[PDB]
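Protein chains: 2
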Amino acid sequence: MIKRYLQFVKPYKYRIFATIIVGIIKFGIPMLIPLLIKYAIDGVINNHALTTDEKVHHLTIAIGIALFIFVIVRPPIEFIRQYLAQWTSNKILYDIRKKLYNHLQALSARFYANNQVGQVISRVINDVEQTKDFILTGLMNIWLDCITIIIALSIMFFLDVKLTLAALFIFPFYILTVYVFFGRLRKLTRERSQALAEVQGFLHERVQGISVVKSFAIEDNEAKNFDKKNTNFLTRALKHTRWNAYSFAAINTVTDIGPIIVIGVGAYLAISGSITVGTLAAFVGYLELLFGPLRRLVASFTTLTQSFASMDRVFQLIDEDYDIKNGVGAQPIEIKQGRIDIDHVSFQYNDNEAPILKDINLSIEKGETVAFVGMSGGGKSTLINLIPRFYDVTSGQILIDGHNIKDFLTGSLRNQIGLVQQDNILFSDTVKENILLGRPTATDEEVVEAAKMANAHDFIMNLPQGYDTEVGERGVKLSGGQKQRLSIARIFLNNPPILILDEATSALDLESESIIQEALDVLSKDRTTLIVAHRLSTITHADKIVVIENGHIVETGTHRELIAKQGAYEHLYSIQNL
Amino acid sequence: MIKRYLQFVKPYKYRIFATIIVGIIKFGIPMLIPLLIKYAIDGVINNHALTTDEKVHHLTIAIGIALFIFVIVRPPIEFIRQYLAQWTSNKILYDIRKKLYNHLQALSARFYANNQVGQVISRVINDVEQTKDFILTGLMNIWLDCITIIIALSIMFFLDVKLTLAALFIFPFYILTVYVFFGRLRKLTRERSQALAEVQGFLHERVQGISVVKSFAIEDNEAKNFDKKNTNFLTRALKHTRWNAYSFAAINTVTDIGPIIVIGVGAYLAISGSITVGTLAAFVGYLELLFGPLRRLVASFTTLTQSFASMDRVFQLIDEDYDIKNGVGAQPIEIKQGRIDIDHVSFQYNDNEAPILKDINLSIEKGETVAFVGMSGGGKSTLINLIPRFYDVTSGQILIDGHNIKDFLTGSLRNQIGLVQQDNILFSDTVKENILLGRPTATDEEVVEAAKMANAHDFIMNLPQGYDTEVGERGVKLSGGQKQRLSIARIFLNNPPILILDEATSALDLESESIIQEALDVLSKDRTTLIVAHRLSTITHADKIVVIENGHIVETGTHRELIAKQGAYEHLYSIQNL
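Here the protein sequences line up with chains B and A, keeping their order. For the first sequence, counting from 1, position 347 maps to 347 in PDB author numbering; every step adds exactly one. For the second sequence, counting from 1, position 118 maps to 118 in PDB author numbering; every step adds exactly one.
Same shape as in the complex, but just chain B:
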């Protein structure tokens, strides 16, 4: 998996090597200070053989050299070091999200039917952000602390063989301890993030559905439900905290026995006649070089553990399967004559549940306008959505122009099916911007046409700032009949070969309906049109009315014929002016 995440860093290796290089070229600075203390002390006064005009000159090139380095050289190193580090990771994150967003747009209705927006977003934003430390603390700092440890171990190896050994004794345990915690922290972090994710999901869902919370004044009740999730998150976060605290003390207690098992030994050797009490003096001086980095790495460790948890969650989301896939055979197909064929189609949203569409057989020739009617919960919408291939038929096949829906390239198929769903969407944008969804590359002229078509153009003008009026989030700032008509607009703009209208009149008064009815009868003149309707009267003119009951096609016919049959259809119609 590191290999995976690494793939994102790939195009930035150099900038990172650079960040590490400049990183090393930093320790040289802190050492310049103690080096300068020795020069004035031993090179201008303790020299004893210099003029009081000569030594007061060397101190003006040494207090000259220092200033130069620190006021000219260091600043740029400092800067670049950070800017680089950041610029790098920040571009990397940017990249990861670029990919995550396409992933998302490629998931299926199913995915989104069983997932919580807020939770998904939490991953795309929070979890990703969290993997930032892995680039910084991981690939750009950890090393410097190991380089330091090598240098140190090395220097010490010369000063004395067994004395260094005296130190390394700790090392294995240190490693063992880290290993012992790592995993548990990784989970605790994972579980923690997830909780956050769930509060995200909660906030999203409620803030957007407040209309309801407000209406029944269930604020108190819901504020509780919030606290459960908010508390859960807190709890989990504490578990996580406790362990980090715990593991920290642990790893360090180990890292601390380090200088001890050293000093102790360093004495019982210098006195036992093994080595120069100067060696002991020197060696023990470097103790900070060894058990210093080892102490930092404890922190480095921790940070990373958390980061891994995050990249987990990220990849987990990345690894989600696309339910509707294109498959090798993919083929952008032009639909020249709207010929739709539904052969023995049967649908189930899940293996466990019962099918919703059982055995459906229906043929629709180009130009025909087919109406779908029946008790609510029958299957019309489900059936319908099988064509734009929003879900794949369970058993059977649907063919447009003889071509199996599956053999089209998604975008192609979908782009040629103008679909007005029953629960229509609007983004917090301008009226124009919304219609444009039907055909983003459209002439401000064509838009106004679609509008006039959908019987929308008129009320749009009466809107403050007309076609540029910002509709509300979710399109709140408009009537039902109004939102709806904008959806119809999109259709005309799309001007597709196949038109599916699932209750495209729901919210319009009798009059507006009449208009749109005419507008459509026109657009639907020579196109294959599928219509789901409850207001029967606006379906009579259909070429064929299809009655659907409990997932089955029960009746088929012309309004005229169906009425004669005094069957299922008539029953329903008959309920109107009776």
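These are calculated hints, taken from the structure and not from any lab test. There is no bait here: all hints are sound.
In this list, chains with the same sequence are indistinguishable; a pair is considered to hold if it fits within one copy or across any two.
Straight-line alpha carbon distances no greater than 25 Å define the calculated BS3-like cross-link-like pairs of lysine-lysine that follow:
#1 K239 x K13
#2 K544 x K525
#3 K477 x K452
#4 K229 x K99
#5 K187 x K132
#6 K10 x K224
#7 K452 x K432
#8 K132 x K239
#9 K38 x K162
#10 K10 x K228
Position chain A relative to chain B; hints supplied.
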């Protein structure tokens, strides 16, 4: 404003003092090492008074002691120090969100009509989280670095009053520099966060409206729109980064001239007689004590700057005004007889725009069932929503039982108005859980009753896992007629004195409608009922039909009378059979 944020920390002062105390009791440890070293070296090795059996002995007491401290005392200090620090801040955050969520639930339809969920959430989650550093780096660490600086400075002053003035020389500039950057970083951070906020808002809106993006296969187009926001965020984040890098190098270059100017003057002063090398050398070992903390504080500074930006944004959201406020006169009023009076009401959603409801006068006696009908975009919904007081009338008054709506306590008023909006809501929960929204404290028996009432109980049973079937996010896993009926359920459960039904039939077939029609005619027998409808036929029985046009009441009457008048009403009705 710090005072504000502090108010959240208040109930945790002690835990924080504690965190600081234990914090100080830490420097004592690192010093024990060199002490065990000096003690070994200068104490046992060169005592010139030690039996080889004594020195070894006194060495041992120094180690047995070391191990004890480090393997027993330190671990607990380490732990508590961190656990404390975290536990504290983590509870504080928890608290802040507890408050933010109630704030949210108290904002008005307006607020939410002009705000983006994702953006709001970003604040409640991200910005808050960000204020975490302020508690940690701010109130628990900064101090230790100042304590260190005091300790250090004192020593310098008793070592030489005029050389500490060679040090402190830097101090003012340091402060000046911080001041110079602080502000700009604060903004850059602010602007950065906001960008994130906007990507949040984008992701929310799109992920939830994908149905549309999928239908027109506008993935590519939208993926672009995403990249604008994603890029914007990246850019802003870079600006921020660049400056931090910049300001960092700056403040340090200043902090670095520090040890130098002590050496530049200090050395010159030794020459002229200020003091000797014995002093110049001793006034230089502690240099790390002074310009060490000053270097850390540079980082401490930065972190805080960002934190302030965050608390800004947080408070900004906290400072949002409640459009619908209760006001002192608040009074939980029982509505005993649904008498509604609309006296010269006029409504405008904004001062700039044109009114939507102009001069409306209508009286509704207890028990009466009043229907509202007219072209779409007329004002019915707006009018209606003025009663549950979702917005306050602009000019006029609405009185229930003689009491002005404004004089009720929100929850009271709203709780007694059973409202079925046209765009009904469902949470990703169970069927039961959703109905329960109408009356959270309800008998699993009463629920099933409401259901049977709303003509829902039946199809709910046919659902996998029946009343416990998890409907989809937004309630996707159900038909239109189905979601809707669950909304109707809520009404029966609420069983209020006043019932408002805005197109409560939109998605039901003719048959289901008949049922619910009967179910309601019953529930509406002796209750004040307001109905907005487009399917006229389901309104005929009304006590009074009110026709609304361009924000006005144009006609008033009984279906019978209005039909006779051959006016506005008849026109519309007349369009059904015609």
